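Undergrad: Single-letter residue listing:
Protein chains: 2
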Amino acid sequence: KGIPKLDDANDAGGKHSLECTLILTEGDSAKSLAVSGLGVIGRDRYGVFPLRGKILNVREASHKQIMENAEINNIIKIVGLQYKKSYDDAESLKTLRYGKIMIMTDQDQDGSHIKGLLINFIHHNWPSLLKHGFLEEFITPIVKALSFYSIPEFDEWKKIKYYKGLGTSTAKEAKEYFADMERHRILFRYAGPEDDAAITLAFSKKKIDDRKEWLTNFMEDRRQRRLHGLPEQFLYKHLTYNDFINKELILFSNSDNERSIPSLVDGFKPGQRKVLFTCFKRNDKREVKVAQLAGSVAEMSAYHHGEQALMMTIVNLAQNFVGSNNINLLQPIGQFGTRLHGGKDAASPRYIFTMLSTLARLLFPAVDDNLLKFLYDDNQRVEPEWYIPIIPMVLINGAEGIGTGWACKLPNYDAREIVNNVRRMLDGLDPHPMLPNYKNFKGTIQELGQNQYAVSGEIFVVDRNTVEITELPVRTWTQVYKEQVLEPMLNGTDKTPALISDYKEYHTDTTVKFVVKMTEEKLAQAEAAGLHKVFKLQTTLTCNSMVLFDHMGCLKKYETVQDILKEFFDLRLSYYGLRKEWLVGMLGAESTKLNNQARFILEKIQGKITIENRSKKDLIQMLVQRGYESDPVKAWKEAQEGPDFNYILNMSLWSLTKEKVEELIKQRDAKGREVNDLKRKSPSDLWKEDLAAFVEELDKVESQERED
Amino acid sequence: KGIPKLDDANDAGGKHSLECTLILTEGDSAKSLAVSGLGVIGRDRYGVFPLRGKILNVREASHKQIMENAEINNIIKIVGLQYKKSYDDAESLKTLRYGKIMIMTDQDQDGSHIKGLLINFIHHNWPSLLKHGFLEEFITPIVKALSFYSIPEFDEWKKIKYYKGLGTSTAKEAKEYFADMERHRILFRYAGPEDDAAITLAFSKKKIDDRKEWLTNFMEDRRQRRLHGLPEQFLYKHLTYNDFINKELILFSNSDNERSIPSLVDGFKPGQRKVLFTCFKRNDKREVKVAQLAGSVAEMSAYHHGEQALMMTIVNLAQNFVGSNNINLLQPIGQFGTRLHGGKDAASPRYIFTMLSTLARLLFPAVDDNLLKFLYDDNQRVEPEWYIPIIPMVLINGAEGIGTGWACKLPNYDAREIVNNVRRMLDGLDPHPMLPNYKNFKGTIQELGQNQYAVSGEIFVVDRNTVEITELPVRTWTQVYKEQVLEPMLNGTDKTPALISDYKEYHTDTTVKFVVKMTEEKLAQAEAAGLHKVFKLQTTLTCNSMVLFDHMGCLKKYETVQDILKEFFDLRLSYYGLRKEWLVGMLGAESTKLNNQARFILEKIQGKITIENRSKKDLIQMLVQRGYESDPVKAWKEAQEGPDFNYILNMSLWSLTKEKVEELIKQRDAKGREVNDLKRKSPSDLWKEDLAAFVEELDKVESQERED
DNA sequence: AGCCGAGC
DNA sequence: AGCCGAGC
Ligand SMILES: [Mn+2]
Ligand SMILES: [Mn+2]
Ligand SMILES: [Mn+2]
Ligand SMILES: [Mn+2]
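One line per chain: the protein sequences are A and A', in this order. A prime marks a further copy of an entry chain.
When the letters of the first sequence are read in order and numbered with the deposited numbering, they come out as residues 452 to 596, 603 to 615, 625 to 702, 707 to 1111, 1135 to 1201.
When the letters of the second sequence are read in order and numbered with the deposited numbering, they come out as residues 452 to 596, 603 to 615, 625 to 702, 707 to 1111, 1135 to 1201.
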């Protein structure tokens, strides 16, 4: 047939074609899973063809894009479809190589999306097929204990095995699935107008605001359901297209927003935050390959997605070039990106290395980990719902992402101006308004109207024939500007003639210098109409969508950055008081420990008590009878949810020495003074300390950056 | 010109061609190193072209092989050479695009080989060029401290930086090398007949026995030089072809034998032994990717070669299929190899995993590490010169390799027969002769003549038209036998008609079953001439080259396997006595430690001495005045090349408890009995224990293998 | 029409 | 002519 990736059914194309079924699979591993599952006998009436991933959404797309899509035309050639052809009469059905399409995808949310996009593909082009049951699906187990399909179905029921993707199952597992197809085959049925309303709702861009009300109801419904304790509704026989969209594909759309939309608190996404927790737990003193780090992230943080997406998430975190990250939390050791190509020049993740920027732990203090809520995957603690930075990192690095029904876009903001605003709010003032600021950007950003800005590069007049461009607007890439601006100016086009005579390129990897030559008359005309407008050095910047998950996990739209700063400030200052309440408990339990350690050793050295020959049961009963507290640190640590004196009795015999008692009393007096000192500090004083240490290293790091 | 990998000189092909120089580089990284080193000005008269690696040796090669070699014809097209063309007259030189070839390679031994193979290439085809200085080389530093070329030159002279390959140097380092070319350019000069004698000596297969006397002199010369303390002679102006071959290329040939030829002791090569030391130090409880393990091997063991060769060395160690490893020291978790294709079906090293076979530490006991000599790379201890297995592993896994002037080939041998022979020699008997035995090989191996054997598969007569092949001779691969034997029998050839009517394939991944159909008359003729001869199921096995490095590091040829077994036995039994001498010292120092720990604690509990308030200087002076020994373990450990009582004074205060003194006296009496017990054992008794434990796990592992 | 990025 | 493997 000409498609190498396809294994065609033996009866496909013959007189039995209508009884044949084409199996569309997610990944080539599922293809091999389905091929061995059918075996010799199944190879007759069942074809199997892979899909590379998420397919084209053909409801709204350009005609050229549809005709140029390799996958869409492969499915058309395999099944024998024809565009605009309605299938009713027996004469029309004779032109079909297959009678059914059975979609086989993973049981995660991304599989349901591919399911929906294939439903969206058939519903648009041939509704004659969709009404009559042309589409089926083959479900697999997500978990076993003896088979369970959806994770809510397994939790309500409660050797256990979790199935990640279709490639996890292999060998006799595939053959067992195809032995009984009554359980694993579910047919899509067309109920009526409710179905068409659901399909178009998901996959049409006219429905965006409807999808907002769609997911807003689901989020509030589940949250209220989670409050009242009602169980999570699950699926998995016939399945209507309406029920699939509303009870299944919605789970992908919500999960898409959760991963793609950052949190207001730390300005992170679940993927990124899992990366930083891993780096935080590894605490590497030397660089590690991005590929190896990605593998370690997946093991430690329970990251269930592909390795390619995770490595680019790491690379995205490490890019320091102009227009990307005002503060890069990962060091870019090796070549991560060029301002030239806008990060697309990144070297392969195997050949580049990274590690924590020294500012990472300063922005995310270690002690604040005790105040977080760490999540769990299959009894494995992984990473918190959020970290709590000393400043609103969501504003610094310009968090952005695209979900379903919502999108988030933020520009960057200067770290020092934010720290100053936090200091202003700590002294009781109102915060100053903030314009977007990009690190090492020599151009200008000025406010046009509400949430609209004008970003402009730099261009000068050297002489009558010459102009010099030393800057491009933020996110405008050197190479791109050369190809789509100066080269059309130099070579001219069909409609527009050549404006400029020549140009040269002086660029530095981190800088932009263009020297353009023009005629005297044409330069005068250029600066008459203005230089920035002619040479396209102004780009509008408007964010009217700022969408973040607040500290309650609820999706909220923020009209001004000052709202994000204020809401962050109340939470962060509240957690600073929690840190003082935690520290005085920890430092207090440590001081009691040093007191009881000192009291015991001072009585044994003075001869008040002799531990010699005392039995374990006798000594432990005597130690508690003499008034010694039991391990105040572990007692206070366990209280956050037989007596243990071991901390006293595991001390070295060196302790009784003259210098070991003297250094222990000094340790005892120093910790009590430490508790007294920190108890007299306000939570705002702790915040100012963290800010002062951050700016000290920020000045050191950024000055070392410029010198290099 | 049509070669994409080439950067041509601007003046190449013009009237200045004779002044141009073609730079042949080792690797594309050296290509980029040389391109940036020349810069804009150097791009005129200097071309640069990469070489993939070791090139063809054209002195003895087939005409088709020479004409089909892409690299050789690329250099010919680039330089403008013509075969058989002698270059003397000015009319002939006008046809050359370049006047010189400057070879740029790493300063390691492998670079010198590429240098020599290029010298061997020009010397053979165009001696008219070689006599007149057509060839030059560009040397780089191997180390700096301020520049040193050969490692013996740096050690005799003695921030230090070691340069591994040409890719280590970068940026201004490349430009510094090409600023001064008087130091870094050396011209090859033809002295006379000594040169031709040296070139042919290295690269001709008629000279093999001459290369043996060549390297035998060098090995004995350096060893005698190493004994008398004379310094190692080094190179690095003009260099004669004779001096290059004898004073440089010989260093590659000796290093080639050292890596490619196994040691008699552990049956390992430096590459393999570095792998096993790493796995031994990591002590992984779970599997690790072969790619990741290879990276860890390189870091820990200081492995300076490419990662691809190391991963296949790991895969070679893990293959359990028929005809490979009687005992695989690494587990083959994932798909390492098929008997079908003979290991060439191995999956990519990134997708497969391995770990230590449970028999690994049983064959290489951990305690014997204390008896080895560990080497050092730049102050980093890495791995011993050899391990010392309980049985001659060189015989079990059939060590083999190809060096320069020598080659080693050994078949496998049954582990149990070897253990029995060792047990026979331990009881004072003579060892039984041993035929090669391959694990799970159902065929027969019988002795023909001295060091010559007949390996035969299995074929039966089912009926008049049918024969059944259940086995193929060792190393004969299923797929290969199908293509080159049965298929020519079935389809016939031009000269030979079709012998067999049909065949079928019942194979199991670990087994071979062929059912062949023939005419009644043609089967009778087949078994008349014999079935094994007709169907090619007999392959001769002769090893007359068994070449191993003995425990002195000297190359020796062994005529019989019994010599290898005897020489191993004397060394291994000698080291078993060393283990007893080491154990009684360690167990003795441990018993003294438990005695002085008990004496101190028993006097403090009885009240004989009070440590309370005693100053550090006062107590330490008192402890030594009362007769307590100082850390017998660390004193005995340091003796193998202020007083420390810390082991006594770091004891927990729990020690003074009634059950902690009782368990300490029991520890004291148990260690003294342990010393008394092991002191009454003979070194042969320790060996028999290690053998008995090995066979117990070997029976368990191999039985679990068959059940799986 | 195309970028932005976490996903298949 | 080609395998075996530690190397480029
Ligand atoms: Mn999936
Ligand atoms: Mn960003
Ligand atoms: Mn090298
Ligand atoms: Mn082998």
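Rather than coming from a laboratory, the hints here were simulated on the basis of the structure.
Ideal Cβ positions, reconstructed from N, Cα and C, are used throughout, including at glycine.
Do not rely on the hints blindly, as some may be mistaken.
Derived, one-sided and incomplete: chain A' residues facing chain A with beta-carbon distance under 8 Å [what the hints assert, rightly or not]:
1. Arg894
2. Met895
3. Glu1073
4. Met1092
5. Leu1142
6. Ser1145
Undergrad: Measuring from the C-beta of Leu1142 of chain A' to each C-beta in chain A, is the shortest one below 8 Å?
TA: 4 Å, holds
Undergrad: Quick check on the hint: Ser1145 of chain A' CB to chain A CB, less than 8 Å?
TA: Since chain A brings a Cβ to about 5 Å from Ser1145 of chain A', closer than 8 Å, the hint holds.
Undergrad: Would you settle whether the hint for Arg894 of chain A' is holds or violated, based on the nearest Cβ-Cβ distance to chain A being less than 8 Å?
TA: It is violated, given that the least Cβ distance between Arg894 of chain A' and chain A is near 46 Å, above 8 Å.
Undergrad: At a threshold of 8 Å, is the proposed contact between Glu1073 of chain A' and chain A supported by beta-carbon distances?
TA: 10 Å, violated
Undergrad: Does the interface hint hold: is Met1092 of chain A' within less than 8 Å of chain A, judged Cβ to Cβ?
TA: 11 Å, violated
Undergrad: Using Cβ atoms only, decide whether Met895 of chain A' comes closer than 8 Å to chain A, and label the hint accordingly.
TA: 47 Å, violated
The structure fails hints 1, 2, 3 and 4 (numbered hints given earlier, in ascending order).
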